[PDB]
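Of the protein chains in this complex, all but one are displayed in their positions.
The first chain written gets the first letter, and so on, giving A, B and C; residue counts start at 1 in each chain.
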């Protein structure tokens, strides 16, 4: 069976045979947004520069763009469309070098400077706001949360437990962090219904609230494999044959970014290590604890790990008493 | 009985016989906001343009707007109110073509350029901020979350279950997604109290946390109809007669928009299909799983579905043993 | 005993014998912020206008502010401090009428235009950002959520229940809404410890998740008074004598404002009505349900309501069987 979720967290699914303006600004690439706005300015500057040029022609300002004791142009020094364009830039950008300067003569020209300024003012606001939308809502978010490459199975305090490690790469904390885990596989119900990919919970302590982690130094996430586990009947010899996936999730409000995140990784049946345990990454030093993230993913063998399933172990203790 | 909630999610209720400035900017329509600001500019530009015109009259600048070796206007080239208005625009917009230029002579005129600039500066800030308020808080949000048209009833693993499908239209994930469901109907209590529309929970697994979904490919939301269900006594023959509504809800933090959402749909008793199951939309391909959203809403008959209620089925197994 | 919480939601507590720059901008009043910034501009404009004036003196520009074939001022037309000030405004506001125009002569003056522009640019950014801080984080939030004036006690489906109504004033929904309730009173422990105001939970269905409301039309919030209630032994005759408070809370993410809210109200023992029920505000109309918020707070007598406590009622049924 192919993967649903990849190690990085990416979901491996394609939609087929299937928008708000705000959200689309956050989607469109940077260079396409910066293009898109540059277009919005020209579209305005030309439009207006043209309006100002039309006005400059009808009033006869192209023949006498300076004016004199009698004649007075609507806008001074608009001798052609280039100057009409330059004025329109200078008015909306509000550079306004002033060589081309609007005069009192033409009420339309006055109205048109007014309109352009508001238009120009509205355009800028949208651009500023469009950008912090894109900055504050980045589709590339660095992977502050690290997952181990492998989950493992081992004995903790007399119970068989699937385990995987989660670790924070930034010193910035994660507020209200809580883990989940799911077994992903296709199954057919007792009434012969095919479920393409049935998602089945792997309990990590939601009922007592132990799924709530305080992640400072990398924590190992336990899952007791017992009656109510879906790995209950699965032994090490089954693990090689069996073909399932285990999605591990860590949701949390990350104070670095100030927005909630959903960390993701996957462990296929063939990525899980029976009879293994992780290398301690937290070490005592007189002054200060230190995490060494080089040993993060590393494990070691535990030969004294039962090769049979959790059920088998349960079934043995009942029979030895008889 | 008329509907409370529509298929789109809209609530069908009217308030009768019943504000912050920030929230009202998010309500007022765009064209009314853009009008509203355009007004705010004129109100200022005229106001100031008038103040500058009054000053230009009293100081005698309308008779000699250029000045000479002796006489020096407060602001140059303010020959009328048009030029006084143009100066006020040019000062607050900060275009400042400079033909109309404030001079050193009048301390009031100097103060008035100062005031206007700050006023103009404050106005712009409010406009920029008013707009990203409106962008970041849109009252039209695209329906990223899709609900099936029909819920259905069928047998899963030996239990009678009401089911409805939920699906994500964007590839963007939904963080901390969790489902609810409610049966909406008027009822009268045993002490003769009329409840216009009593909202009654339809359990989808809140107690063990199975109401938490990891929605990548469209999930079917189960509700086991058992002792504690309100559909417990309801059989297929009752379904045609009975008149109730079932609101289905999916709340979740949508990372596309970065704000929490409440997806809504409704299933009236006459919209629920007894003896049906949904068409698989997830299909195996060697490279990559694919969801086909054309089969999203579609179902098929299951004649082997018990036409009696969940209670009836329970009552049968007790009697066959005797 | 005096009140902890008022009807509006305000908390009645004073701190005695007890900051970030961002949060303090959200606290300081508007007129003090707008003052504060106006000061920030003058402080800069004067400062710079002075620097430019000093430069204009040392270079000898006050005697020949125009210049000629030989002499060329650092900045033209800075004949006094007024013009030096006007230039500094015109440079930082970037009006720049241009009558006072920086020239090539003085590298210091050139540096000083550069510095001022960046300073001016940084100042504006802070002002824009300071304002949307204040807009987006308003300390006055309209009371979209309405609480009834009175809680009541009555029989629902064979159990004695304290009840209070909550209602949404805007059509805008409240996402992930959930209720709480607390009994507030001073008490002394069995080991003689005085607790000034012991906060004690009044259960409204947190354990099964019924505390989660879908508030469209005003809901009545039930509290079953049973063994585990603190109103268990309290009868109607005790209610007049007893002196306690009941804080009712509704937290929820309000999509109108897009920020979480904590609605608050209080019911003192003397504000609770034994033997009463609320007036139906939802009415059936052929087209569309309608809530009438004029009957929101109103109740009616129920004489058939047991005047004894919930415990008494429990104690009666045990004794009638014997």
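Quick note on the criterion: contacts are C-beta pairs under 8 Å (C-beta built on N, C-alpha and C of every residue); 3 or more make two chains touch, one makes a residue touch a chain.
Checked against the hidden chain, the listed residues A:240, A:243, A:255 or A:315 yield one contact partner: A:255. From the options A:6, A:29 or A:156, the residue with contact to the chain not on display is A:156.
Of C:4, C:232 or C:293, it is C:4 that touches the chain left out of the display. For the options C:56, C:83, C:152 or C:247, the residue in contact with the chain missing from this view is C:247.
Along subunit C, the points of touch with the absent chain fall at residues 1-2, 4-5, 11-23, 26, 76, 90-91, 94, 96, 98, 101-104, 110, 113-114, 117-118, 121-122, 124-126, 128-130, 132-133, 136-137, 180, 182, 186, 189-191, 193-194, 196-197, 199, 201, 206-207, 247, 249, 251, 259-262. Although one chain is not displayed, subunit A still touches it through residues 34, 37-38, 41-42, 45, 79-80, 82-83, 85-86, 89-90, 93-99, 124, 127-128, 131-132, 135-136, 138, 140-142, 154-158, 169, 171, 173, 175-176, 208-210, 212-214, 216-217, 219, 253, 255-258, 277, 280-294, 302, 304.
As a convention for this text, only the chains that are shown with their structure count from here on.
One simple way to say how far apart two chains are is to compare their mean CA positions; for subunit B and subunit C this gives 21 Å. Centres computed as Cα averages put subunit A at a distance of 30 Å from subunit C.
Listed for subunit B are residues 90, 94, 96, 98, 124, 128, 132, 136, each touching two or more other chains.
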